[PDB]
Amino acid sequence: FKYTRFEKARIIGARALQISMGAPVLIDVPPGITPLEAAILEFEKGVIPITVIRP
Amino acid sequence: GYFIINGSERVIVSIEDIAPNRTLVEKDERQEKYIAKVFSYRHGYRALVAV
Amino acid sequence: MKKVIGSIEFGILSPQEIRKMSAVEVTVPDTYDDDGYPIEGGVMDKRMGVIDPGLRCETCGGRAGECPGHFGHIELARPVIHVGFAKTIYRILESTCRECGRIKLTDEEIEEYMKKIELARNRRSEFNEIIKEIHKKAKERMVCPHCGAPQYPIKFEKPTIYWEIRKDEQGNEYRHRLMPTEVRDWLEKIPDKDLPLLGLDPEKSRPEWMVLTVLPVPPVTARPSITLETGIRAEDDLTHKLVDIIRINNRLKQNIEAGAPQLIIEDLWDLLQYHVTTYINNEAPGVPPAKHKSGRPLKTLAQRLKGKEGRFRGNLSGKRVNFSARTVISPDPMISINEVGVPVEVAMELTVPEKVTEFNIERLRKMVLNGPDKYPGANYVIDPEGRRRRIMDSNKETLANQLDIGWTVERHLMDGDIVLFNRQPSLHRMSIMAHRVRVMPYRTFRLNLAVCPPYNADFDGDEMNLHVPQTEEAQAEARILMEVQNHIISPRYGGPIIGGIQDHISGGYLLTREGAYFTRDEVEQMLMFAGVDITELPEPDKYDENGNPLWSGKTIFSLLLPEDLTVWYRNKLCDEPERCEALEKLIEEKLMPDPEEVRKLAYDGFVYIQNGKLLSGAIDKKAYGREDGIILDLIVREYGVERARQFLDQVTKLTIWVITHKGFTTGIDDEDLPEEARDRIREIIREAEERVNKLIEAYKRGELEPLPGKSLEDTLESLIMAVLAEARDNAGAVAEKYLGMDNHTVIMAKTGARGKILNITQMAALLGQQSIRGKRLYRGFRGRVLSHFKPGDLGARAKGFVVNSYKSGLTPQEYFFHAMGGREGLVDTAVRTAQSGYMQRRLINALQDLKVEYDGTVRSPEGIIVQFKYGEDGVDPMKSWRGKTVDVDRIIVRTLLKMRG
Amino acid sequence: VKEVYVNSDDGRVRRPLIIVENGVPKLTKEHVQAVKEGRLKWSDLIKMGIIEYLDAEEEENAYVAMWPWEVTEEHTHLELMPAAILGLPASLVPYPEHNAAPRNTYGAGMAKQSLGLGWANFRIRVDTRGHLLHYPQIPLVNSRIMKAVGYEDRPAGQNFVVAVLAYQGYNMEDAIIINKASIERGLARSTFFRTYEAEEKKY
Amino acid sequence: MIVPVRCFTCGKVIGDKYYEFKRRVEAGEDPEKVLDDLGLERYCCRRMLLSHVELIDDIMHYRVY
Amino acid sequence: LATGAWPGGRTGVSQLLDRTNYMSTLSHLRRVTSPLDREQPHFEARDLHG
Amino acid sequence: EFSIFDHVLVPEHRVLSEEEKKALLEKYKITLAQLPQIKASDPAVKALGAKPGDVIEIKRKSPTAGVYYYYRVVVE
Amino acid sequence: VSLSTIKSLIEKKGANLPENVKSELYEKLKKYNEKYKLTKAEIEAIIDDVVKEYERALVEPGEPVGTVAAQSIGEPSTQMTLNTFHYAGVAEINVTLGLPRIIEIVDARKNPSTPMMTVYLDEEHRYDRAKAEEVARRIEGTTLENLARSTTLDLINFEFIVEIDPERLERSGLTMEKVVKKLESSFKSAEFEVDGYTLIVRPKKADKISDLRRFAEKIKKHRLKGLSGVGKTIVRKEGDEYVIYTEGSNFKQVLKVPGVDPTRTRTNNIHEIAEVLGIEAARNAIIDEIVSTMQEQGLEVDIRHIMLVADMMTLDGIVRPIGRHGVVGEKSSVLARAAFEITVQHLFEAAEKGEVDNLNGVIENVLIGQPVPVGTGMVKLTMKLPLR
Amino acid sequence: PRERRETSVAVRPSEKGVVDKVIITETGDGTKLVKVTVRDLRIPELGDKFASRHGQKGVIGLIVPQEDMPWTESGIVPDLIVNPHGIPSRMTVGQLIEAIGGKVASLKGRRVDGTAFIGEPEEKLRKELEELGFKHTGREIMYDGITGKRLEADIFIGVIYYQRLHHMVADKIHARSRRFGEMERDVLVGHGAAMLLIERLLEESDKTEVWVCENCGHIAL
Ligand SMILES: [Mg+2]
Ligand SMILES: [Zn+2]
Ligand SMILES: [Zn+2]
Ligand SMILES: [Zn+2]
Ligand SMILES: [Zn+2]
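Residue numbers (PDB author numbering), protein chains in the order written: chain B, 2 to 56; chain Y, 154 to 204; chain L, 1 to 901; chain D, 560 to 762; chain E, 1 to 65; chain U, 408 to 457; chain P, 6 to 81; chain S, 1 to 388; chain F, 814 to 815, 829 to 1004, 1025 to 1067.
Everything labelled a hint here was simulated from the structure, so no lab data went into it. Ideal placement from N, C-alpha and C gives every residue a C-beta, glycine not left out. One or more of the hints may lead you astray.
To give a feel for the contact side, a few chain D residues facing chain U, derived at Cβ under 10 Å [unchecked claim]:
id: 1; residue: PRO648
id: 2; residue: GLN672
id: 3; residue: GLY677
id: 4; residue: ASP686
id: 5; residue: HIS690
Taking the hints into account, I'd like the entire structure generated from these sequences.
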């Protein structure tokens, strides 16, 4: 299994939206960063709750 | 050499046109039809006569 | 709770649906009324919805602006033929029996046609062809195969009049008009099983419903009264047509219930039919267009849709989108390739909404304290409920102490934000990319120079647009999908498209040129300028005369390459193939020769890199150029995108530094030729002119052989053009021979940085023949181009052959000929843009729906399979090396070297 | 075809030429001296049959000599000044025969769109928008036609000390690098005008 | 429109030497000798005096109050 | 005379004079135009004639 | 004597049997109407015994993958 | 390592690879093994690396291949020249090049502007210039005008003496008696008093100048020997054999000419290829034509985009123009077609047919206001709620 | 009114300057009329367009302090630096000849005639320049401004007429807070970005919510 770049983009978008809305961050982040790089770091660490469903 | 119209400077650009009252022959390439045409000017009226 | 429309299936409404779907039965032709209030039973009822302010909808109870409107129905007194379905009705009548109503066709024909229709369902054109064939076959028949009853011919009169040509007892043919009730009765008896052959679906479109019995009324929002400048409630054309329809319907009904004669009933029936037809379509064929109160044709339902600016063809458009800016661009190589410089004033307007959380509360607090004037500030703050406020200076001190989780701040642009970048005309995919913001003073969109090729931009007044995505999903899409890093390899040919252009090549050649050495100061300065992380210089190579250490350029360049890169190829400077042959022999013999041996055999025409050390060759276009960037391609495809970006961002600065502090120029003496070369060129020109004159004399005296493709004159012209072109090539060869490599212009041409050899030829030796549309110059006076030549002259000099280079200067006739050539070139450039644009538009409209499914197949929008395993191998052109799926040669060599090292 | 054509109508574009007979041009040294002293005018030269006007039709029978030292017995006319075949803006370019034609066309366009003191009337003139260059200068290398036309009295542009050299990569792809102190001292400084109109319209 | 006070390139003051140069050249002296006498060796300074136009007189006649 | 549009179908006969500088004005006073359609590629008419 | 299949521009054609036809149809989750179509008047069809409603397997010579299979259905 | 072992290892590990990939891998592995004495570990590592690279190079689902192909075809055309040239070669036939050629192929015009056929030779006639000229004569389509050195059309006394050159007669292989016999066998109602090396004609006692002029031009361009619609032929020598280039288009007739190798013979007109060899041949010819046109201008375009375009064009047996005449004009989506037309009858036809719009395109989804089903618009996301 | 409403005339939003002249007068039908002229000082800045007489255009990319400019052994500090790569592809030899001619004219003290074909031949200019004490190729030795060392090559330097066009950046720049087309839509589709297309095109206040029945397929109420 390998994430296509479209799947990765959608996962990052959804995670960033959830973080902005008020969801807790699963990892510690440096202060003064926007939700987007927070989600990017979350993905880079490999800690992602969202999963994709393929036909 | 220009005009003042409502306070704005207007210039008339010369227009290059076909010589009146001269027959010019030419050939098409789909009707294989030799034609000749001439424009006749008479008091500001241009008439296209083609044989 | 929010679903997405997956499909839309079209059909024909049934009268029962129209009855139950509608709410109010409109019966009275009532207008807005004097007090502007909806009259009960009028066209604009309150059950239809309200657009007037200060009242509530009857059905949904919504105020104007929130009530979507609701549908109403009109109960027609007599059946009316729909204008659009008139031709369909006429076709159907000619195909069905007058008595039974079934299709006049044999059962075997029915089976065959059903099979063919099942096969050709998807193809719309073939389906229409089959329908027309069946219609012709049925119409040609005369006796019903089921009943045997005669079928009197049916004649169609536009727009909605049908005549049945019947034969009396005397055999005379008389036209019997079919009333709509007769047509309905005919259509009802048609069974469901016959509909597919007739071209119908017996679940969404039944023939009886084509004839209208109930006419739905659009809601008030669909037919709003736009009012007038005088305050007069300027009504809708649909409203007026509905009023007339209601009046005529009531009149027809009251005369029907009064036992009126058949003639007046027919008159009112035809008036109703005409009004209905003009209401559906005011431009229907054979229909007089109804005039407005001002005498103009009323815009009706048909006209409201088939408009270029209407719902169709109008919603798709290009308008001023929000959060955009446009300004001229200026270059700067001090920023990374994936960065863009934004002026402060632009950054203080294109705000981006950011929701305040726990890990960014203090930054947003400082920003909102800055106000809308200091650069790191904000312009609008949105409370969790939803109201928006302007920060200004009155409440600047507050709105920060009361700012907590759940608020939204529209801060200014800051470094690191993602931003799109566009250049029109937008031809290929790479014309829009995502960059990172870097706010700098002045007012220009600073752009790195390596990114110029994909944008096809030059800094001579070109302008660019940037758009700032607002939502988080859009920002993530731009950051992950659209960044400049991911688009180094072009999808078109599978090679690089981002690389050095002009200085990045020439300066690289200067740095890696054979015999180029640098002192310690220059080495340290250039390494620090390039950003290369180093803390100790390598061992010096060769010592200066007075004792200072020196470093060759090759080692300095090798400090940038990765630690295990290994490649070899031939560049454009290879002029002595024997040395390349010897080097290739050694390399192939060993696959890892001792670097000492390579040093003696070094040659700048043969690049060879061993374990990240440049051992031989010089940098030119083939290293990291616009195309054929062997090293850059290798870095991209083997060490990831980020490593490639770092390598590009370092080599660009290194090369720029070396060319800036080493000196590079060009003067008028760059194209000065020795006397011997000038004499050679002169004698070449004279000999060519003599041969041309000999050809002309041979033609004059009848000594010429006309090849079959051309007449005598055309053969003469072909020979003359060939002779002149060969002469120009010989002169160019001489000039190139006598021009050394140390010349800066020759360096620029040879390395491929800028210009061609033809440019040097034209500037130094000879300009050459001038042609229009591939032919010698001929358009001028009778028998001569200019007036300074004897008439009927075909010599080379007299028909566009110019013998002076740019350095020597052109004589007036040569100047005129050159002007002709340049004008032709400009015209071609002007026209080819439009032609290519038209072709691209056609191709995109044809092909913009295809996509790769999850099983690797490519399917047409209508479901047809276009290609199994896209590309017949499944390889993305971007991922392909240069067209080949896998470059197994490089794989073999790289693996062998890595494991045998 | 044995046809003779005579034209006496409007709109024909003609050019002047020097009549040449028997290999000797009609124009002589004393004529040039008289014109130099102001005793003779262009119309006088026309009326004495020294210079003739030719339209495109009459030029069919002509055989023009480009230069005064190329005239032979076959020639019937001598070109007056071959440098005058160019238009007005195109004559501004110096050494136009050492350039490719597209570059000359571009240069003519830019010369048409450059700033400078166009008219001394600008202070009191009312125009939608205008510009004024602070310190215009005569071109150091300039065609002699420019003085005759009058361009020198209303110049547009300045002379720059230019060095061809790559510098920091900030002038790649047609960009240029300009010296700060020169800008401070007044180089290329200009002013932009705009006029707004308000009318007390009676209704 | 009036003579620049300082040379654009090197900043040398040449504003006061223009009228002297013009009057001397009109008298028939060699322009090169006059420029050398005035003390302008770099051609950057000589260009300012050689290529200047005095348009202030031409534009002085129209007043605006 | 304002807005061009001579009677008889001709349009753009009169244009606003250009006052950008000396050369622009003097060149605009010496312009010659052709009535052909701009869109159609009149290859024979566009090119320079001897 | 000359058959069209010997030409370089003509790849080999073959007629599918019922079992393989249905296996192919099930593999791509499609119906017969969703495949590309070849007319019954095509010379390749005439050279074969193909009849309408049948599936033709085409063995292309691909510049990228060498061998590649394409399928078409026969119509009027 | 015996070559059988390399083949077995290739089949064992790289079973997923395409046939060309594994064949080329086998060839180059054999060469490098015989040159450098590889062992099995290196071979296994190499095959694993090849497999990993091929897996990485696969395209991912959701990629919008159609738009990318359209852009990658359209963009180079802007840099490509725009006709307005007359390449006058000697041993060549004039052929439309560049943008007009691309447009003609894309729009599938019924007859190309410059039809041209490439005819190869069988083994017997391939390796000799003289036999090539003989086959040319069989295919030359020789005309009296080409044979004639010059023509004298003297209407003042009702005759027509055309001067025939001996060299052209010898090249065509026809003799004066032979050509006169063929002409009279064709022009039965004429009298040919041929003398020497000149033809003499009379139009059965005509009266007016125009009649004899028309009769003379009728004979002048009349065909004598050769297949219909064929002009000049230029027998060249490419590689080692002689190949006969030829104008005109008679692709079905030429295949029956003796000495002509029919397997390699090609023609410019794609429609003729469709008629004679089938539809797959038409697709391959389209691909080759576009590739050659792109190559002559120096531009490089990946073969995959051209393959996609060609496959899309010949989707239903008959070659159709890709434009609105044959492809866009038959778009299934009634909404997409709606913003391309001037009438509304298409809506009524769709409603009558019960057409279902699948919203599988781009324009319809854009108009509605919904994510386009390409790329990120294809994926669906789910999450297990209990979170740390 | 169509109380009274304001119809005052105000300057354009993206302009500034100083009022220079105000005149009051009467129209042709007796109504009062005023005109106001606003002047603005525009010092050159990044993005301003410059072009020579030989069709060589460009915008200034950097304003460098004087001490960083390289100087010449004769003391000449260039006022403008152009890239050598622009010459070979354009073949504007007239530019180089004009540079030499300007140098010669400045040194000699009289202007140089460049009247097309009868102008001063370039070889005469080169000879005169050589006689005046400079290299006949127009090249000079220059020192680097930053390092202070001597540049390795000899740099061509001269005087060239330059004109400033009115395409100035202060008039081009404008940004909208609260252009696109079909080609951009195709590009965005080609990238695979869909939510970006929705955000950039649809935006907000033009989309609405509609209840839909899942049984029949009609708009629910
Ligand atoms: Mg540009
Ligand atoms: Zn409501
Ligand atoms: Zn019946
Ligand atoms: Zn100075
Ligand atoms: Zn329902």
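Hints, verified against the model:
1. Hint status for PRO648 (chain D): holds, given a least beta-carbon distance of 5 Å to chain U, under 10 Å.
2. For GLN672 (chain D), the suggested interface contact is upheld, since its CB lies about 6 Å from the closest CB of chain U, less than 10 Å.
3. Interface restraint check: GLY677 (chain D) against chain U, minimum CB-CB distance 4 Å, threshold 10 Å, status holds.
4. Given hint, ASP686 (chain D) at the interface with chain U, holds; its Cβ is 6 Å from that chain's nearest Cβ, closer than 10 Å.
5. A distance limit of 10 Å between C-beta atoms decides the matter here; for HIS690 (chain D) the minimum to chain U is near 7 Å, and the interface restraint holds.
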